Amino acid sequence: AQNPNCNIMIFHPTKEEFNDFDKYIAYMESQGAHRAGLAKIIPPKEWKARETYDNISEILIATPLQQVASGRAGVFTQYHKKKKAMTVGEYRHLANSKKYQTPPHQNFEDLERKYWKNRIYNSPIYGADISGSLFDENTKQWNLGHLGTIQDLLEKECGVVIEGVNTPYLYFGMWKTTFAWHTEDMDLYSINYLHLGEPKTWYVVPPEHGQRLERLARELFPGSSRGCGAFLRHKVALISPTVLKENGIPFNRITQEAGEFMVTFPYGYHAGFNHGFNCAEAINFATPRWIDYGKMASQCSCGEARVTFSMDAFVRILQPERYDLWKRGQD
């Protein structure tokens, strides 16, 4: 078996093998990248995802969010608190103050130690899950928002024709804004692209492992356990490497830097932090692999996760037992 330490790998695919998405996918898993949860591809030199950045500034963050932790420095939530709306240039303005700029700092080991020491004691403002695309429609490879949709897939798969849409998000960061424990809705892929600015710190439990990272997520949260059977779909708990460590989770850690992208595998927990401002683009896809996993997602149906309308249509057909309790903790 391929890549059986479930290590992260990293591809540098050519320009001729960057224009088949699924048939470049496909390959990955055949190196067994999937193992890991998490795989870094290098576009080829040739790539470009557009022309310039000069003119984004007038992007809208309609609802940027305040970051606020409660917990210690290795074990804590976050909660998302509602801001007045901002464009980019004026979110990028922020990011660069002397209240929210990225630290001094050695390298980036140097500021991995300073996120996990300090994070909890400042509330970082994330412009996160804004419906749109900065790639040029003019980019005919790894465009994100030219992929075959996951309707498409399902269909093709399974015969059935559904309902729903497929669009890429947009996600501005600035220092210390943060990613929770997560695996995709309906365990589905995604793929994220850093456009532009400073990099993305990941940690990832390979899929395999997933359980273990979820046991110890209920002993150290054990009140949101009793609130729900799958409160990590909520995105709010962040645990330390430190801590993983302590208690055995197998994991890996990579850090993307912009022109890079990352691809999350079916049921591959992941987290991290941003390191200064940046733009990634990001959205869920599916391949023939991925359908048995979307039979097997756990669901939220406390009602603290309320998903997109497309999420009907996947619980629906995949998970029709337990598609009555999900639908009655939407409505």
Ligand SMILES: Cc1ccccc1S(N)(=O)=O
The other form holds:
There are 2 protein chains.
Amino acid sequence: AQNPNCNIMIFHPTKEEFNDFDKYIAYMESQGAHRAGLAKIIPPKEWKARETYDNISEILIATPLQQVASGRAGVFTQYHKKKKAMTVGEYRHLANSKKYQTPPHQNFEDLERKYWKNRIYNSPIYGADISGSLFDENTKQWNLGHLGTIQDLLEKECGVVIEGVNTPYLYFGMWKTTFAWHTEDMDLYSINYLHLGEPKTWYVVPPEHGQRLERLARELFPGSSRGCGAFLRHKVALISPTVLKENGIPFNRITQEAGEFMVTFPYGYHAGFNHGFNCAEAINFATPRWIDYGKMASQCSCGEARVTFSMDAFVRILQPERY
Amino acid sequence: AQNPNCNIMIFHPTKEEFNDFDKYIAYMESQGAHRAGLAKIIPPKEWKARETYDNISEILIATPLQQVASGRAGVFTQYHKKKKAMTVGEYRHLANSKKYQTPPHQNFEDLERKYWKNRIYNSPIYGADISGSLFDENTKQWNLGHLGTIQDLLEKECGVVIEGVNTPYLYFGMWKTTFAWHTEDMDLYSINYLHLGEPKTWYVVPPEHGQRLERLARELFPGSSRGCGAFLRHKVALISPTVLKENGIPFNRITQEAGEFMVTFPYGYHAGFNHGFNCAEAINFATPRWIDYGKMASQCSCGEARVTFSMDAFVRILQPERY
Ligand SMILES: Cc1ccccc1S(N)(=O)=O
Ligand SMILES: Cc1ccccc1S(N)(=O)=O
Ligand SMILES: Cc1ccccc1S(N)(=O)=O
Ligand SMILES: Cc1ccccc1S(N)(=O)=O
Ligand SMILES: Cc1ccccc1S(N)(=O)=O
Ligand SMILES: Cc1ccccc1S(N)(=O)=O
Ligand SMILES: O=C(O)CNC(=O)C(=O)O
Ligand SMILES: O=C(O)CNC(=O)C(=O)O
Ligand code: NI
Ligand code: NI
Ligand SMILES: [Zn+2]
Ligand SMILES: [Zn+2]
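Okay, that is the form solved without ligand IEJ; can I get the form deposited with ligand IEJ bound now?
What follows is the entire complex, opening with the chain shown before.
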């Protein structure tokens, strides 16, 4: 079996290899990439997402989210307090202000130490889940707004036609902005391109060990666990790498820089944080191997987790009992 | 000037001409097609939207709308009463039931007579505005889910990058289901493909005469007009061809059949009805010529008209005062 220790793999496709998205995902999996839950793809040097990022300041963040923490430094939840609308230009200025800017630090490791030591004592503002794309329409390869849809994948694999659409989201981040431990809706894949700015650090649990993280989460967030059988779907819980090591949870970490893609694989739990002002674009996608994971995916039914309209059809066809 | 009487033109592109969407729209306008407000495009015989429509019965209509009329036979409003969810298979069966099925009739003209005589005395159920597509992903030409986005058009023309996305909608219709007099959001173009089933009859006012229809509508719906300076944006008002002729409003009519595209042009008011069970797919799009119309488009501010999240950026950039 390939990649038995479930390490995060890094790929450097040639421009020829970069012409067929589906084929390259399948290639990565033939090398065992999916066992980690996360892979990095560095695009060929000839490729570009767009010409420049010079005219993006007028994009609106209609509902910036202030991420307020509760708990202890290595085990906490965050809730999202809605703030008034601001443009990306205004958001960038805020990110770079004395109150919110990245502190002096020696390297990625020093910054990681500072994040887990001090995250809970601040409430950074995140521009998340903004429907849109920054890929040039003329960018024909790995354009996250031009991928085959999950609805068409399900139709190709299972022969059923369903309603729903599948479009990218933009994420504007600043120092300490955080994504909580989660898998994707319906345990789909995701792909994430860091367009511009400071890095994003990722933590990931191998899909074959996801239930170990779930069991620890139930122990560490007992009230939340009693409230919902799938509360990690709420996307509010954080657990530090030190606490993961203390509890024997297998995981890996890697830092994504501007110009790089990350792919998360079905049922690969991930979490992380931004180093400073940045902009990422992400979308869910599927492959034939996803179907079995979609059939088995946990669901939140307590009402907290937001459901997209497109998720309805997934549950209806793949999980009719639970529907 | 081409097409000075503002007639609806019908186009028969060759398979070679069908390879460049933007170029063919520009060609149609060079022949004066836009002056009518509406054009028909019959695709080349070699083209197909998808292989078959055999497996569409499991699509869900989450919120079927019962279209209840008030007023007189030739001048009425309709409101949409929400019904419980049903599949397309269930909807088709309902459409074909004795209560809702198309009556015996001699031709399109006889059916049109019956529609305007009797529409208000029934309340047909419409499956409208369902996000999704029935184009095969392998259909590369005139695939309504693969068009250049309006956001990218605005960026190409004006140099500003904005948030927002632009995806198709499905419409499942039955006898007497009705679309009220309207122009598109931000006076955009629309394109509509009739995938399957019975015809759709369209009425259209030339864009250069749109204000004539507005003035008549203010006279015929006086309470609505007092409530909102752009109440046709509510998409609830119907006026018959007989009443249009009585009031000297220039208009044309045409019937769309399965396998045919219709394009509506900026500020071309249109209305119409379905002949029996059918399924259409539609999406808005833009061209360089649209920008001037978008800048001038009326807006509903009374709160009735539904606004998509994507419309925000259009108003913000093209109409900053009104924003
Ligand atoms: C093969 C190689 C080489 C250097 C770094 C990483 C890899 S990989 N693709 O992560 O196994
Ligand atoms: C950028 C480029 C250039 C030439 C051939 C192929 C590509 S790519 N990497 O497949 O988009
Ligand atoms: C113990 C250790 C050390 C470094 C990285 C990851 C681990 S573990 N085994 O995944 O908890
Ligand atoms: C030229 C032609 C011919 C027959 C019917 C319609 C037309 S058109 N394209 O509507 O002018
Ligand atoms: C269907 C077809 C076939 C051959 C060439 C071009 C086409 S089309 N009409 O441009 O999709
Ligand atoms: C009078 C008439 C007759 C047939 C179609 C259209 C009209 S008109 N002139 O558009 O109101
Ligand atoms: O970038 C973020 O803030 C979170 N992204 C993801 O969880 C993802 O791409 O799957
Ligand atoms: O088909 C309908 O019910 C209404 N369609 C439109 O108004 C359109 O395509 O612009
Ligand atoms: Ni994710
Ligand atoms: Ni319309
Ligand atoms: Zn829940
Ligand atoms: Zn209004």
